[PDB]
Amino acid sequence: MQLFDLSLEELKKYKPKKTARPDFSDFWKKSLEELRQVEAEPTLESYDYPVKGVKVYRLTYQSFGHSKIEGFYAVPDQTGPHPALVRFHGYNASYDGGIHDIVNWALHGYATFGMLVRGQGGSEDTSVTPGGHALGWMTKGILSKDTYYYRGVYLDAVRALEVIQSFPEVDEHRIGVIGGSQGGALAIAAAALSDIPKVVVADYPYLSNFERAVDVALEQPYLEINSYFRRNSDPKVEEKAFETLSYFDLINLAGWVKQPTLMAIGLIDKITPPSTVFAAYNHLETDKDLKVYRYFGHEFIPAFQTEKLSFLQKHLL
Amino acid sequence: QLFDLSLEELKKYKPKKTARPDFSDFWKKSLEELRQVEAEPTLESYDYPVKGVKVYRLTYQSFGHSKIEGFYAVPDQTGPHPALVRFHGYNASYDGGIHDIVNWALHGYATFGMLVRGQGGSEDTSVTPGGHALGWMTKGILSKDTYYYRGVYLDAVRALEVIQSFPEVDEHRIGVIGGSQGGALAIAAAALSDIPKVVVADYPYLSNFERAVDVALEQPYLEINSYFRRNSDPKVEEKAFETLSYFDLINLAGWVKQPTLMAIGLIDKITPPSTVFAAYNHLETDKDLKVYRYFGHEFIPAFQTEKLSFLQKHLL
Amino acid sequence: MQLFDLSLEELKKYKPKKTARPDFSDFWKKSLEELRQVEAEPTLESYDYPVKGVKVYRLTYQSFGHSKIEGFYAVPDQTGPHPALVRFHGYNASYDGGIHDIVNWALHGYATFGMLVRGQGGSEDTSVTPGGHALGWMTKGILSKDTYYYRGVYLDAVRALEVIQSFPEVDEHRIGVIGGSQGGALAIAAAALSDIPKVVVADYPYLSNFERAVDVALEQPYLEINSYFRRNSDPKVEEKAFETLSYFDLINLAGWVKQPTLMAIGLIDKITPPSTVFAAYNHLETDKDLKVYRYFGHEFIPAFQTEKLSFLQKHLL
Amino acid sequence: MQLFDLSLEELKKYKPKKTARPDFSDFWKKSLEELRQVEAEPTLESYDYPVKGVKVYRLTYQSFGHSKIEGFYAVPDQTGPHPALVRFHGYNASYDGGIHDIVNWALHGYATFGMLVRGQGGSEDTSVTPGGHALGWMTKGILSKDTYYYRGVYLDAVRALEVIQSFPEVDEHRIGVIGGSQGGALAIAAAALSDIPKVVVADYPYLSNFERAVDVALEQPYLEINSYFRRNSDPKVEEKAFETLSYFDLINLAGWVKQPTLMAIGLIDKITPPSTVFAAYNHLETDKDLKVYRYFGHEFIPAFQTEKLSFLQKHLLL
Amino acid sequence: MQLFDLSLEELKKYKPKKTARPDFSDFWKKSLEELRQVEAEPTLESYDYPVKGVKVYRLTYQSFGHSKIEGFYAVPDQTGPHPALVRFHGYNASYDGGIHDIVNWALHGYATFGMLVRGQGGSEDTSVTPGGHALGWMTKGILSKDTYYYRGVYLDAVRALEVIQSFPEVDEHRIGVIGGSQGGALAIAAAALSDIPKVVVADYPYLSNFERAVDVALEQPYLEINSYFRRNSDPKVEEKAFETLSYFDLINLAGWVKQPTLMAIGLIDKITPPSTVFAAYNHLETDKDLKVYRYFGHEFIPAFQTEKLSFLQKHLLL
Amino acid sequence: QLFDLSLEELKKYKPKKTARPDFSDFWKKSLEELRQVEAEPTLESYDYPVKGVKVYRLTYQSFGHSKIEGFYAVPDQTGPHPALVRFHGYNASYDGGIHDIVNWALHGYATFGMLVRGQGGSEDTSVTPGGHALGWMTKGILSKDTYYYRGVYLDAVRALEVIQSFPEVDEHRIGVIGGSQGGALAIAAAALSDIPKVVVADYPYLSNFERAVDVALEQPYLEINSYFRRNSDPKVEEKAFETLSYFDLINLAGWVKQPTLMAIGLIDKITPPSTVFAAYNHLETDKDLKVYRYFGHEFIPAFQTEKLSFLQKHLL
Ligand SMILES: O[C@@H]1[C@@H](O)[C@H](O)OC[C@H]1O
Ligand SMILES: O[C@@H]1[C@@H](O)[C@H](O)OC[C@H]1O
Ligand SMILES: O[C@@H]1[C@@H](O)[C@H](O)OC[C@H]1O
Ligand SMILES: [Cl-]
Ligand SMILES: [Cl-]
Ligand SMILES: [Cl-]
Ligand SMILES: [Cl-]
Ligand SMILES: [Cl-]
Ligand SMILES: [Cl-]
Ligand SMILES: [Cl-]
Ligand SMILES: [Cl-]
Ligand SMILES: [Cl-]
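For the record, the sequence lines run as chains E, F, D, B, A and C. Quick note on PDB author numbering: the first sequence kicks off at 1 and runs consecutively. Quick note on PDB author numbering: the second sequence kicks off at 2 and runs consecutively. Quick note on PDB author numbering: the third sequence kicks off at 1 and runs consecutively. Quick note on PDB author numbering: the fourth sequence kicks off at 1 and runs consecutively. Quick note on PDB author numbering: the fifth sequence kicks off at 1 and runs consecutively. Quick note on PDB author numbering: the sixth sequence kicks off at 2 and runs consecutively.
Just so you know, the hints here were simulated from the structure itself, not pulled from any lab data. Be careful, since some hints might not be right.
[Stated by the list, open to error] Facing chain F, from chain A, some residues (calculated, C-beta under 7 Å): (1) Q2; (2) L3; (3) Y295; (4) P302; (5) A303.
We treat Cβ as the ideally placed atom computed from N, Cα and C, and that holds for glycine.
Okay, chain E solo, but in the shape it has when bound:
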């Protein structure tokens, strides 16, 4: 592929005005309160996996809307407490719960839980579908911040941290949140809504600068929003949709992140355009660093893996 978004020089300076409504923090305050009203009631069931030195489990817990969230949980097979990681998977990109990577994270020394995102890689989503929406999760319940798909997801992410930190074999002071694109977005959103995480690693975070994303993205899933408007021409629906999205946009959440953060971005990424990622990064006011990779897009970036491992090792291991 090739360069397409703003020049690197412009990207570094790209910092769009926040779109957060006056009731932004109030919405998250209320949302967190509804989550708190749901007892976690976590369950742990051992799971066989052909690995030595790691114990794998299937973890489930109750979250927003009384939804049962799941994911594999791998723990180093040695005395703890262990530093932990809550890993979030990409949009519709979870295969068999990403169990093999979860196990490898545990082999690296981290008690790791790969929270499966509602209705995607796993987990239950009790939230009702208010009405029509484009193919996908991007616009489900988009006409209201209370019904929006990611409201439950973000909360599940926070609840995931609360459950993990409660584990006695987990060192609550050494918990990191990581993920790619959608996963990176959940990581950042979790760090913004909970102070449990110590550090944050986000690979080309998704759900960022929506109003620009729909005009710059050249591939799914941002375009699901575009597809949604094509099916609902009502001008008010568009205003409303973007109004809803602002409550979940990383450029509005970034400011709450106080944890050391490591981000990555490929300049030829057509799914999460550089501009939208730099936008999130430029709204972060915390110990941070953005690794830029000229020749990579929305994919695994080997050089960034080293960075990631090194960063987590330094702050947690």
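Chain E is fixed; fit chains F, D, B, A and C with the ligands onto it per the hints.
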């Protein structure tokens, strides 16, 4: 270009039903749960730049207490009028297909375009049991009780019950029509309800799943393939296909007693000819399948005439 | 896909200098005169169609070059006079004469005639092919305004209006011309050459700002011109071709339109680039309005249908 | 691209039943007669070209429907008579009259004329457009053999041979017709309608076995027919169309070819499917040979150029 | 994608006749002898990597043609001997030496060496380029088994095993060879030429049933061969090329494998078509098993990773 | 379609040279290593169905003792004849481009189509130091001494030395021509040898690398991008570009003193207009760049006339 079975083979393609022993029992129970939900329909007039037709926004309660909607256009003249319940295609509803609904009314039919749950409109209260591929095709696929289309099919039946209750509607002249997903709902509705008089289905979807996933070259059948890629458990595949059989047209076709008109393009890559012939060949009723060599999953002009002529003859 | 032409802000101000030669109106004056010399001699043959309340016919008439033009003609089955519509189809986009849409227009209350464009959806084209040209109609007889394909077409469009208005069941004071792409172009061209039309509706009009179109378009049929030049490298051939096209370019004809006009444009339209459509719109000095649709391209735009029906209803019904 | 049509074993045996109507030869007899009624009145205008040893001209002549046909004509700059070639270009594939190739053919020793196909690479087409048709020339006037686009084209091809052979610097007994795709079809059609040509070279000939082509081709321009039917659903239109096409189908003309013929075909050709080309070849009853190239499609095949040059050299230059 | 090759029923029975020439084993006997003549002279240089419990090194050694082969070598940071793995990467698919995966393999308890294939993911290739060839490595030196690209590669693979087993911290009786596509092919080839490996894991092995692959494959890199023939039309070149390829074709090497073998194949794999993989599998006469995945292609198959980890654990780790 | 800098900008695009301080020293040493290899050319007649031309297989020894080949066609008449050394495009040589070589001879030019190492033919003895992206673009890219094109450029020069030594060849009327990669070799040959009288380069490749990798939308420039994806080490990228500068046309152009004719299509995605104008704008010699708005990386008929006319004027 041509790709599925030859036309000669297609005419003879009739795969063994995959219906489980509790097939009709499942639908009997499902219809019963629907019956337990009062329709409580509502009608709100809706402005539209047309003369001779009155448009409304119709809503009603269905399975799972979901609120189903759709525009309802009625010829602006004394009834009773023959009616049509039109079903839209998969993720293919734009602005409720209001313009086509209105035109159907201009053709003389009191028409209701039922919006399919979470797609073109309507509420879907059914919970998402677990992970599934991007789309609706695999939502709740691990159980016939939780499967996406269970609610949809019931909404379709309820739509007919609501429409026929209207005094301006001639209950004896109600037809069900639709394209692909819409065609599948039409056929499924006729199989579960005797309210419809005739059925028109354009290259019906949700048919012969086990073959569709091996022949289709485009979405949305492949959503199932994507689902299995994400859940390699062999039991998950057995289960999924077990679930799908309760909604597969080749198992429902047999219950259709209404005159039925179908269409199929031989280069259709979304609803492969074989899967459509399969549904057609399982129908034991007054039927006819219009084959169009040079068309695919799209509007077929020649079939519109056929369609208008068929509906006119049985309803107008 | 995604945005690609000039920004919306720029589009609103895009008004390229007319390319009309000094003999512009003289060419059309002469052309109209040659048309006038051909007796219409229209014929009406009833045609069976499964519809109630509408009578369909096959209408044919003689036009420029003694070509026999055809098209279905649907009339509300009630006492007239009826408001009428001359509908023009898109480039190579006529299927079975667009009869189903013609009938629906009649059901909406309009005596409608879908003029089939020469050699495309129907009708005879007696104009000779002077020499080589690219695959398609875009460059047929392009080396001279007298031989150019659209000369006959535009005249057929005018003649269509003359024939329809002559019908006793047609209210000559309530005739509108409509069409999409090529059809929108014929609509606008007909209103510029004839004062018979009362109103004009054009969906992303084609044949506009050719010199820019060949540099911005990303799909057919504008690129047929590009293909033509690839096959005739002679620099003079290119000057000549554009010289010819200027006599049919909407930016040069728009100024003659005095009828209320309604236009539409999708910002991601790659066939008739937004710039070329805004160009035509910005050259119109009449009661006008351009509906912009951010998320649509060269296709049916539901929201615009309402606009269209509402516009025609207000001016004709 | 990859293999897709019938297996090579099947292709060699593929010989579809002729689709020629009972008035087939009568149609061509009448058609040739109408051509004969139009005086050629050829004209020759010298044309400058940066080459040594060759004289280039612009050649024009009157043909069917009084259409003015053109094309460059290159002649070796030495005393004749010279062996000649009438080269036909591919569908919508003529750039600047293919002048550079015409000149090279002359450098190879052949007085060469690249007849430009009506409305495509050049030449005038006076034939009227009866009615609607798909984008392209494939379906123009397809509802009647008298109005069909290629009627004039085929006749132009024959007239081209008559004009060329009349030239004193041309050895009428050493004239070959060559072409690729559409050009190969015109070559074969010209040899079938005129005995002027001595030999024939056709690269993956087009306009062959229409009824199958529309079901096997995966690219233009055969699919123009498919597009046409999509726009005219009337079943009678399809019967008529194929009726018309049969009068121009190579499988029905091949049998009249008596000249030595050399053909080529790439097995991954998606424009002129192998089956449709083998069909034309298998209907030829004359000194013939079909060069098969497994790894090539609808494109220039180097190995076949050698074959071609060698074949022409043997039958004409030699 | 979608199904396209032979049906599963046919695939299970697909076993093409070997194409090995009469001097097959003689060629490999001589080739191994030339390798033996090159002293390994391995070198080990520690390499920093952000991991705990594993020591990483850059390993290099001399192989066929005195080429210096490299790759990262990760070892569990605990007392050995350790079971080992020689991992081979896919065609042009090595990024930064696949170091992250090498380390993870070591975390699973395996002393792992990711041999970088000549000129691809790393390593030196001293073999000269005899002449023209298609873009890529597939046809380099294809006109002779002595000059063919993979001759050196296969030998590097065998040498890799010899070097690893010589390490004192490596349990020579618990060495496994694994790889995907090209990597799977090297794994199988190494087991066929060396008895050092105990078990073999090959994910949809490449370099198998060449003569069919070039007719079934729909993506690179098999088609490089097709591209090569397009550029060298000489019929003898094709005979020669396939003659050369037979000495490296898995269907001819499979028979020498005596080690327990685990293979995988996606039925919609367009790079290494199912038929070509079943062909290699059906030529294996040893403790074997082929995991078939209906919905996967040429990619990472999660279900097969479990199979793989479980298989290696059973035969090596525990 | 248009995509690079505007034509107005292209005419002014002249990027700073990237030549290292040892630029000419590298080429001086390189030419010296070539000189140390005796040409030892061989000529073997080759049958070809043509009249008036004699074809031969020509081979000679070059840098690294590599045996370079190519067909050589000579007008079958008394010489001396003007000559042409034709270079083929990247991976674009089929059967040695023999048919074109013959046609060039028919136009009156003793022509030799040098086959580029390992591509259209010829032997490449240069070792592969290490890993590199699929293709020749990055082979030995970590050092100017090992880089693929070092041998190629020298083979080009050696080709001229061999041809001019032929008695039937008029050493004062030798032109070098080629497209893209071939155009680049032509220009590089004219820069390193004064044997060529004139130069014709069709949209020359290997030009302004640092921009090419950011503007190109097709192969083979992107091979470099692929290389960096496989070797993330930042130093590897600095080194690679350091290597490439020794072969970049923007750094060699200045040495060209021969009349030069270039062509460029404005929609060329393989050799972007900017990279070609870059090479052109670095030429300080009798020159001319033919711009073709509607063409890309392909045969441009109009330019063929230009080309034939230019060569005729300077050589015939
Ligand atoms: O369904 C998957 C199962 O088959 C695999 O064994 O372990 C991971 C699960 O997600
Ligand atoms: O070049 C790579 C380096 O950047 C990475 O850090 O380690 C692996 C190497 O291959
Ligand atoms: O190998 C080729 C040969 O077969 C052909 O005849 O002439 C050109 C050569 O390159
Ligand atoms: Cl909603
Ligand atoms: Cl990407
Ligand atoms: Cl489920
Ligand atoms: Cl013209
Ligand atoms: Cl016709
Ligand atoms: Cl070789
Ligand atoms: Cl694949
Ligand atoms: Cl290197
Ligand atoms: Cl290009």
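Hint check:
no. : hint : in the structure
1   : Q2   : 6 Å, holds
2   : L3   : 6 Å, holds
3   : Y295 : 5 Å, holds
4   : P302 : 6 Å, holds
5   : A303 : 4 Å, holds
In summary, this structure violates none of the numbered hints.
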